[PDB]
Structures are given as structure tokens and as C-alpha cells.
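A lone chain, given as C-alpha cells: the form solved without its partner chain.
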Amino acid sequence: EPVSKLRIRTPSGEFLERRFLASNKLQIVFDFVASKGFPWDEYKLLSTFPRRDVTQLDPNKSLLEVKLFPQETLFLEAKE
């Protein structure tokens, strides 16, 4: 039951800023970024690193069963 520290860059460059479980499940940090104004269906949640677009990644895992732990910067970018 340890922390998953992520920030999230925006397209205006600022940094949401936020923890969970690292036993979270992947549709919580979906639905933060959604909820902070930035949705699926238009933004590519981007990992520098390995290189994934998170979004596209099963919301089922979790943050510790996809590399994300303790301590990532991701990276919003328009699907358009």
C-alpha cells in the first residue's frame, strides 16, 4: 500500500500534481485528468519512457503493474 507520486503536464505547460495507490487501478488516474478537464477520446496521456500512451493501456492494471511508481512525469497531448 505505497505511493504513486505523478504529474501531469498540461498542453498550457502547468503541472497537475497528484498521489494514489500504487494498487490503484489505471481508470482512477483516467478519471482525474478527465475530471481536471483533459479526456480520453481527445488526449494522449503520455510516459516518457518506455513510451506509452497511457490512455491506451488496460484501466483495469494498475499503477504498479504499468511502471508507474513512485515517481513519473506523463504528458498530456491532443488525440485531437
The other form holds:
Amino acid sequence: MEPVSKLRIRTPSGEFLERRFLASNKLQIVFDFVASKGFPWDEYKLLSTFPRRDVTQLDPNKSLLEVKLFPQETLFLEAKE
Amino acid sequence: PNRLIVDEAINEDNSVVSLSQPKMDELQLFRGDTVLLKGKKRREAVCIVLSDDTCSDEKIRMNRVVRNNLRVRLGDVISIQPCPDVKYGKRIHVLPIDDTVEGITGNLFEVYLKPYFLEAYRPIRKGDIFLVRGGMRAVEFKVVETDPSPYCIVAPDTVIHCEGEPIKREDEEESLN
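Follow the form solved without its partner chain with the form deposited with its partner chain bound, if you could.
First the chain shown before, then all remaining chains and molecules of the complex.
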């Protein structure tokens, strides 16, 4: 038993990515996930609703709990320009 | 679709409403999900749901703007349900409300409208009236059309049309708060 973080992520086409993470594990894991699903770090931003934050611009070396991503959050992807 | 009692907001952003954590779980809602709200007179709204530790399980925290669109007051009852189906907007048309643009300064779009939507996730519904902060005043706009309709999320790519003559505020468009 250990703190877990549930994430949901809207794609630019309206689909949803869902996955549970370890609240303790580094942000980088998240970045890798989205990359894995076809949305590479250099092309897509991962965004929060309110407050508005560029998740992918947060410290990758920081835990999910550290970036207030706990216990459940919906995020969305946006193309970089 | 469950009903909750209306309470004051701790967050004035017009796009957001708040619930208790337990409430959210019951509803299978996550922080940041878009929700479909129903009020009085067949009125509706789309919002982002947030968690809030100061919120009673039996209530929802809801800004004036939202309250107005829903024709509800503090202590009234609304319905809430998840709305993940909402699509990004292609095009929208908005118009300023006559009585809120008397002697405005600067360009309507650039000063007032654009910064509402710029770098912001804004779920909108047809017939919505929303308030902006630009220019030391309080301009209001009405959503007169959307594609898609009636609901959409205003995205960076969304074409925002504002041109046209200021509209008269309708009877059931008066502020209740």
C-alpha cells in the first residue's frame, strides 16, 4: 500500500489517456508515458486546467505529489507553436 | 446527474466550480474534468470541476457568472454530471452587451476579449454570458453562436468572431447577484 496518483489526459482529438502512477515517482515518468502514446515532449505540452500550468515545464526530477498531482487529475495536451 | 446546493465561490474564475473530495469520488469526478451543469428555466452551463477541502459535501461552490447563466441564487439547487464529450471549438461568435460597453476604451477584441481566451481553457455554451476584466471595467459578452453547438471548448485554434452591434440585455439576462 502506497500513495497513488490517477491521471487522465485529453488528447487534441478528444480521446483520453488513463494511467495510475506512484505519487512518489518522478515527474519524468509522466513525460515518458505521453511520449509513449504518441505525444513527444518536444511537440506537445501537458497542461493543467486551474491553475494553469505547463506540466511539461515543471521539474522532471520532482515527484507527482510535489507538483500537486494527487490524487486524481485531469490534464490535456496541446501542440507546441 | 446529481443535485447539490449552491454556495459561494472561493475561486472567481468563471470557468470553474468546486466540490468536496468525497463528493467528487462519489461522482467519479477528477480535478479538472469538464462538467455539465443544469439550473433553472432549462438553463445549462459547462465548467471545470475542482476539489476544495472547505466545501461541504452537499454543496457546490459556484461563481456569480455561472449562477447567472443558470438563473440560480445561493442556496438553490443545481444538477451536475460529467461531460467528457465536449469538443474543441471551431468557430464562435460573441457580442458585447450594450449596457456594459458605454464609453469603453481601446479595441474590444484586444483589450477585453482576447485575454479572456488567451492561454486559457474555456468551456463555453451557446447563450452564455460571461464577464471579462480588461480595461479597469467589466465588459460582458454573450455567446450567440458556436460550432460545434451548443457546447465546445475554446481552443487556441478556435476562431473568435466578435464583430457586430452590441446587444440588448434580455429580461432573464439581468444579474441576480
